[PDB]
Amino acid sequence: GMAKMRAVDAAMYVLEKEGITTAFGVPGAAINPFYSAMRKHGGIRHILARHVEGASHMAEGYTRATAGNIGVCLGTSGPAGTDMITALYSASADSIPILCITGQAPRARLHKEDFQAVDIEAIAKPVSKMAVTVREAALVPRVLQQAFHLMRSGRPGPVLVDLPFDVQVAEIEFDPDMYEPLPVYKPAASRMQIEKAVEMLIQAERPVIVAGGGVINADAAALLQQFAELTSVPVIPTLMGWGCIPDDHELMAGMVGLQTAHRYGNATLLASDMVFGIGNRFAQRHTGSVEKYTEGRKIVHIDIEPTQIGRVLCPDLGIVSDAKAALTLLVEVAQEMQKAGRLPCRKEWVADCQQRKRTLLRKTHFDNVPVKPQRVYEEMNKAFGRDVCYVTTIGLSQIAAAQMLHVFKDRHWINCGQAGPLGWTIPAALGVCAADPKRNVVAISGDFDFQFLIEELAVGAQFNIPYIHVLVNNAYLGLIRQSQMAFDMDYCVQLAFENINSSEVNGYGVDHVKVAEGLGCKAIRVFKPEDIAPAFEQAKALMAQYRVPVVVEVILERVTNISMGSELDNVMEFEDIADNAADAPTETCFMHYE
Amino acid sequence: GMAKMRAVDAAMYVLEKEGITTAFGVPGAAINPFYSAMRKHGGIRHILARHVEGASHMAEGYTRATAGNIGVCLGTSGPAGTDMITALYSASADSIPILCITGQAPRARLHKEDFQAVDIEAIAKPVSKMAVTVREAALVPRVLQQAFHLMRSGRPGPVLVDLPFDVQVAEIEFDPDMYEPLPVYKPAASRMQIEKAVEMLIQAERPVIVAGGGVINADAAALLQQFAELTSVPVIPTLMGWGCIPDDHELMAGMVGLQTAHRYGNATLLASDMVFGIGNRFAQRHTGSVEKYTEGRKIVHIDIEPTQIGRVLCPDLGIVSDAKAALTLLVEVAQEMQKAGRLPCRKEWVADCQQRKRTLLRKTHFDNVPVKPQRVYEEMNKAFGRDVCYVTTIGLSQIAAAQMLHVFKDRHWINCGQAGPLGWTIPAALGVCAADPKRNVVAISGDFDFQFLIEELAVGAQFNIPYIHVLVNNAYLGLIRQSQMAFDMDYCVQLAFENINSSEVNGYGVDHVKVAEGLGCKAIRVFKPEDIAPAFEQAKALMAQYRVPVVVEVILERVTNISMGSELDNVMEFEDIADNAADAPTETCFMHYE
Amino acid sequence: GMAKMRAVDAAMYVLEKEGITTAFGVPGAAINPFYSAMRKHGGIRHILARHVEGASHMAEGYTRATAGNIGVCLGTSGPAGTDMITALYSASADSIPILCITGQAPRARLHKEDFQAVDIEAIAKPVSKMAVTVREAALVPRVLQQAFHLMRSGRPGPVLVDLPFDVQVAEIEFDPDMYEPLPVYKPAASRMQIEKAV
Ligand SMILES: Cc1cc2nc3c(=O)[nH]c(=O)nc-3n(C[C@H](O)[C@H](O)[C@H](O)COP(=O)(O)OP(=O)(O)OC[C@H]3O[C@@H](n4cnc5c(N)ncnc54)[C@H](O)[C@@H]3O)c2cc1C
Ligand SMILES: Cc1cc2nc3c(=O)[nH]c(=O)nc-3n(C[C@H](O)[C@H](O)[C@H](O)COP(=O)(O)OP(=O)(O)OC[C@H]3O[C@@H](n4cnc5c(N)ncnc54)[C@H](O)[C@@H]3O)c2cc1C
Ligand SMILES: Cc1ncc(C[n+]2csc(CCOP(=O)(O)OP(=O)(O)O)c2C)c(N)n1
Ligand SMILES: Cc1ncc(C[n+]2csc(CCOP(=O)(O)OP(=O)(O)O)c2C)c(N)n1
Ligand SMILES: COC1=C(OC)C(=O)C(C)=CC1=O
Ligand SMILES: COC1=C(OC)C(=O)C(C)=CC1=O
Ligand SMILES: COC1=C(OC)C(=O)C(C)=CC1=O
Ligand SMILES: COC1=C(OC)C(=O)C(C)=CC1=O
Ligand SMILES: [Mg+2]
Ligand SMILES: [Mg+2]
Ligand SMILES: [Mg+2]
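Chains as they are written, first to last, in the deposited numbering: chain A, 0 to 593; chain A', 0 to 593; chain B, 0 to 197. A prime marks a further copy of an entry chain.
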């Protein structure tokens with residue numbers, strides 16, 4: 000029971016009681032007492048990163064992988080905290096938590112200029128739900144207790160706790176047996192709100208549900224699918240909702256937006272007369288101009304956060320609610336409406352949506368040498384099972400991936416959709432694998448993304464964390480080249496050079512096979528489209544044999560323009576479209592997944 | 000003359016008029032208009048980085064390399080700005096400027112949740128002299144004009160300018176012929192202040208001058224040496240003042256502090272009866288407890304910043320002045336005192352200091368296999384010329400390097416002494432080489448530092464920026480291991496693993512030769528101490544031949560405890576000391592440098 | 000039912016549903032649309048103060064008198080908000096709420112040195128649970144809805160809502176019949192805790 004211990008020792012009991020089992024971090028002098036308490040306690044597995052930014056993105060991937068997870072990132076004073084800001088921003092922007100813990104200079108030296116001491120509280124405030132330098136040892140467990148309530152409550156977001164060295168080592172009295180986590184705050188919709196929502200949905204003749212990341216955040220994916228099935232309403236996931244209904248479900252109508260979207264998704268949204276928004280916001284990359292997105296449509300919006308409602312457009316009905324509480328009531332009310340014979344039949348509208356999904360395609364089956372990227376994603380759909388979990392960040396790699404890959408369970412698309420920091424992919428994928436060693440993790444990067452934090456592959460080697468990394472290499476910042484076409488230029492976006500150690504990369508610059516191997520991983524390079532599939536097979540075998548990351552690098556043609564535009568009705572198709580399965584053979588309409 | 004142009008076009012004329020010729024950066028959609036204006040203008044050479052943090056530390060190295068330089072770092076919106084915070088902190092903490100320029104979302108979308116848009120103004124405020132989102136196109140040249148005044152004036156520090164996309168492209172009328180830079184503010188000491196300072200110096204019987212980074216910041220190194228020569232007063236540089244008097248000068252008395260210090264420097268400081276501080280602050284790693292540092296000593300402190308004076312101790316005489324203005328007057332007053340026969344002879348005190356410098360040494364000449372790090376620095380002193388310019392960051396690598404390497408001109412020790420962010424070394428060294436292609440740049444890293452931003456070597460390959468990187472590899476976070484001895488542990492600090500592609504690294508984990516070669520550079524690995532010198536010779540040859548970075552990796556013994564302690568009189572010597580030149584042959588007392 | 004109205008008309012329905020019946024204030028040009036909506040709605044009794052600091056402490060006394068009360072303090076842009084800071088500090092310091100509402104310059108002119116315009120959001124942040132300039136008219140009811148949650152939940156404290164003139168007068172669709180106050184967050188001790196204390 001009650002006993003004298005260091006404040007960091009009480010902190011270990013608190014993290015244990017809050018369900019922490021894993022941490023990613025980089026030790027330093029100012030945070031050694033915490034590491035000492037973590038060693039003495041046991042039962043937190045620590046993974047040492049090779050950049051503090053790598054530890055922070057591993058924590059993000061750990062959070063995102065499984066509902067209720069909270070990744071922990073640990074660092075010393077000074078530059079470790081400033082290296083965590085990009086991750087605090089990324090987690091804040093997507094409404095997910097990580098817990099960052101930094102060492103700090105002793106309290107009495109906070110406003111002197113002590114070595115490697117910085118005002119991390121002020122720097123991190125704009126990108127956290129709480130950022131606090133703890134000023135008393137007895138407050139260390141209470142701040143952690145309040146941190147966990149905030150990471151779980153309302154709109155979730157990250158917390159940074161900054162620990163002065165003397166606060167860490169100071170003795171306190173603490174009783175772990177008496178510690179209890181705080182209740183989680185989550186507002187719930189009333190029946191009056193939900194019956195009104197179902198009333199408007201029954202009155203719409205061509206409705207769609209837009210299912211956002213809040214559905215997954217609430218762990219409500221099964222309820223979302225059940226509600227759509229009862230009402231026979233087609234479902235359009237946002238990028239952050241992707242996976243909350245399987246891609247081969249008859250009601251899954253594609254994705255909508257300016258970039259990570261399908262031609263059939265956009266066409267179905269513009270044909271609809273109602274958008275039933277659950278756990279989405281209405282992001283600019285999803286809507287385009289809001290006047291066009293809402294034209295002729297009733298808009299319902301359910302969000303856990305009151306000030307998200309009305310932020311970018313005025314809904315016809317806005318409801319403050321956790322997505323699981325709201326969907327429980329929506330299923331119950333729809334079941335009552337079904338018993339009463341009041342749910343309209345929707346066979347015609349559903350058939351129109353399925354006809355769009357069958358015909359408005361983009362070509363993937365290219366035999367070109369050098370390889371066209373869209374062929375890579377077709378081969379990934381064939382090579383990996385329906386249980387595949389993809390990890391990606393940003394670039395033409397990621398946009399075409401979202402256009403062409405398919406996903407079948409929630410939290411099998413792991414993507415930092417609002418902030419998009421380059422370098423996220425490798426550490427996030429390691430964090431997913433740490434959360435779930437049985438997860439079939441496959442990452443997608445372009446060459447530039449892959450280079451930012453390439454050193455994290457050695458983390459996978461040192462700790463034997465296996466996954467497959469697909470690397471699509473155009474020796475370009477490809478997304479920025481394509482955006483520069485409006486300025487009639489191609490400037491500071493090329494990565495090619497004659498590699499003095501590798502004439503076999505043919506002027507593409509970095510030799511990613513050699514780099515990955517020096518970092519202790521396995522790697523295969525592919526020049527021809529017919530060699531992609533066997534390469535994925537060797538990679539699975541190499542992964543089982545050595546239990547390290549395996550990189551499959553595909554050498555792309557230098558220049559491919561991915562489909563995108565400024566409005567839902569203005570997306571330009573640069574590459575070939577398709578209206579037949581032979582050109583686009585991995586659409587779920589044509590292919591049985593696993 | 001006067002003409003209509005985009006605000007970014009006016010920004011190019013302003014940067015030109017302010018002497019900018021180089022930028023380091025990573026383009027993105029939100030900052031494309033600036034890149035378009037930079038392409039159209041010509042005459043700024045852009046170096047594309049492979050991490051935004053790499054661009055920001057390149058800018059720091061460019062600033063530090065040459066007086067009056069200001070490195071420029073360019074990035075897009077969102078995570079690019081958050082990736083610059085560590086560099087803004089590093090530059091702020093050492094009182095040096097960089098100019099960071101980020102793209103931003105259009106003004107009318109700043110408080111919506113636009114894609115990759117973040118409140119970088121609020122995040123960067125604690126670590127900049129100015130951080131401003133520019134809200135009008137006509138203000139773009141005025142903000143840059145005020146930025147340059149602030150980067151040069153008072154205590155220097157960095158500025159971040161955040162540019163909304165619509166502000167960048169908006170047309171304005173601007174006349175480059177009428178643009179003029181603002182005057183620089185620098186307070187100057189009065190003759191009354193300086194005559195009082197010289198009076199106290201003449202009254203001291205055993206004075207030392209402590210010459211800080213402010214002397215170099217003011218470009219006053221030649222005046223500092225001249226003043227010390229006229230007064231015959233021994234000079235103790237801080238780590239940030241190192242190089243402002245040559246290490247082989249008869250008055251250079253060593254360095255003082257808890258870590259980057261000499262046994263003879265500390266012994267000379269504790270024997271002195273006055274510290275004449277010029278352009279230093281009195282940093283905790285330099286002083287230890289201030290009660291012991293000041294015991295029995297008069298303290299003079301000259302600083303350009305009023306609130307630096309008295310911050311950590313109360314000087315007997317504090318003077319607000321730029322170091323060059325103050326040293327001009329100090330030379331003039333000392334010349335008057337010399338003509339008047341009023342400067343005391345100091346042969347005895349100088350002889351005592353030189354006797355300490357001759358006898359209180361640390362051994363470097365180790366024949367051990369595996370190699371002892373101190374032998375590496377002895378070989379670096381022999382291999383490179385007196386014009387060598389070292390670049391380093393932090394770790395046992397850097398601390399022993401500062402204890403054992405020697406430097407002979409100001410701005411030939413390039414070191415982020417207050418913030419110490421891992422990964423700084425490679426990009427800072429590239430920035431020094433970009434500032435001065437004739438500089439003989441040699442970097443020193445440990446393996447962990449080297450891994451953080453290892454991908455930046457490919458920048459050196461793509462652009463042919465040659466320098467030598469000395470990599471001392473213990474497969475450890477060595478400084479953190481040594482600090483963990485107080486907690487009787489060795490925990491989360493090892494980087495070793497059996498590399499499945501390289502049994503020749505013998506369980507040291509990452510194969511840095513293979514990684515460096517895949518990045519397009521050259522690399523040599525050394526296992527035996529007698530092979531270090533030939534390796535430095537091949538590296539010079541490989542560098543001349545291929546004009547890329549050349550890495551020389553020395554395989555160290557896993558565990559070496561560097562000398563350090565908690566007070567000037569409490570530094571523990573773990574490894575062998577020396578009192579004879581055979582054990583420490585590269586001290587300047589024994590070796591003629593070049 | 001749902002109807003077109005100004006954002007400030009919707010704010011009156013929200014204040015009504017949240018139980019406000021009284022306000023203490025000093026009008027000015029930048030907060031006139033709010034006063035117009037209060038007058039049209041009726042049923043908030045306004046008491047005119049003879050110093051903005053006096054309205055702000057009237058609001059404190061109104062809160063403290065009766066459990067569940069929330070005093071409301073109204074003022075115009077500029078110095079009216081800076082005159083409310085001492086009350087926001089005093090309410091925060093004692094863990095009690097007041098709701099301060101200030102007028103503000105229109106959004107397009109927020110960083111333009113417009114007459115009597117100040118960054119009250121930044122000034123009031125240290126002494127409030129929330130201090131916010133509302134940047135969309137449709138957000139006015141939602142900001143007020145979150146404010147009442149914050150003033151009642153956890154450790155109570157005050158909120159300042161800052162309303163740009165153009166946000167006040169813009170039209171929105173709002174249904175007073177569908178508005179519902181948010182649930183109040185109040186942690187409870189477990190029986191294991193209370194038995195240990197006894
Ligand atoms: C290059 C690139 C291109 C992209 N292209 C597109 C595109 O074409 N189309 C597209 O849609 N996206 C696209 N995205 C992603 C886009 O930027 C957004 O991240 C995404 O649209 C937001 O999804 P969402 O609306 O579900 O919001 P989320 O960020 O997932 O959040 C939605 C809401 O969930 C709420 N919430 C949180 N927890 C709960 C809970 N328990 N219950 C209820 N609500 C809760 C939050 O308050 C928030 O308002 C792209 C991203 C990138 C990097
Ligand atoms: C691992 C490690 C170990 C270290 N060990 C030591 C050690 O043992 N000893 C040691 O001394 N350092 C050590 N350092 C470096 C130390 O942390 C400080 O960076 C350094 O001591 C500060 O030097 P300084 O006093 O010259 O200050 P600076 O940071 O260089 O600044 C001094 C002053 O210059 C002023 N100034 C700026 N411009 C001008 C101008 N134009 N004119 C006049 N004044 C101006 C500023 O206002 C400031 O107050 C170590 C660093 C690391 C990373
Ligand atoms: C830190 C950071 N800097 C800049 C950007 C802007 N950005 C988005 S995509 C991109 C290029 C990515 O190139 P690569 O990963 O090679 O992918 P490709 O588009 O070529 O497939 C850049 C620079 C960003 N997202 N993050
Ligand atoms: C971003 C960041 N995280 C952590 C630290 C703390 N730190 C200082 S030195 C060090 C280990 C450096 O090891 P290496 O570069 O291998 O050098 P060695 O001490 O082994 O010679 C660490 C983690 C830091 N300075 N910066
Ligand atoms: C993409 O790499 C770059 C070059 O190489 C072609 C250049 O010549 C110039 C001027 C800029 C650049 O970024
Ligand atoms: C019969 O199964 C199929 C569907 O569901 C009806 C579809 O919607 C589409 C587009 C293809 C298909 O095979
Ligand atoms: C330094 O690498 C590490 C290990 O490997 C020896 C471990 O076993 C554990 C438990 C932590 C660790 O960081
Ligand atoms: C004669 O040159 C020399 C000195 O200067 C007098 C010294 O101070 C020392 C320590 C060695 C030396 O050779
Ligand atoms: Mg890196
Ligand atoms: Mg690319
Ligand atoms: Mg090391």
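These are calculated hints, taken from the structure and not from any lab test.
Just so you know, even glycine gets a beta-carbon here, dropped at the ideal spot from N, CA and C.
Mixed in with the good hints there might be a few duds.
[Claimed, not checked] Some chain B residues well away from chain A (every beta-carbon gap over 10 Å; in silico):
{"id": "1", "residue": "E135"}
{"id": "2", "residue": "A137"}
{"id": "3", "residue": "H148"}
{"id": "4", "residue": "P186"}
[What the hints assert, rightly or not] List of simulated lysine-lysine pairs, BS3-like, C-alpha gap at most 27 Å:
{"id": "5", "chain 1": "A'", "residue 1": "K111", "chain 2": "A", "residue 2": "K291"}
{"id": "6", "chain 1": "B", "residue 1": "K3", "chain 2": "A", "residue 2": "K185"}
{"id": "7", "chain 1": "A", "residue 1": "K124", "chain 2": "B", "residue 2": "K124"}
{"id": "8", "chain 1": "B", "residue 1": "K185", "chain 2": "B", "residue 2": "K195"}
{"id": "9", "chain 1": "A'", "residue 1": "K362", "chain 2": "A'", "residue 2": "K527"}
{"id": "10", "chain 1": "B", "residue 1": "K195", "chain 2": "A", "residue 2": "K124"}
{"id": "11", "chain 1": "A", "residue 1": "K111", "chain 2": "A'", "residue 2": "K527"}
{"id": "12", "chain 1": "A'", "residue 1": "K195", "chain 2": "A'", "residue 2": "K111"}
{"id": "13", "chain 1": "A'", "residue 1": "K362", "chain 2": "A", "residue 2": "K111"}
ask   = Among all the numbered hints in the text so far, which are the ones the structure does not match?
value = Of the numbered hints given earlier, those the structure breaks are 1, 2, 3, 4, 6, 10, 11, 12 and 13, listed in rising order.
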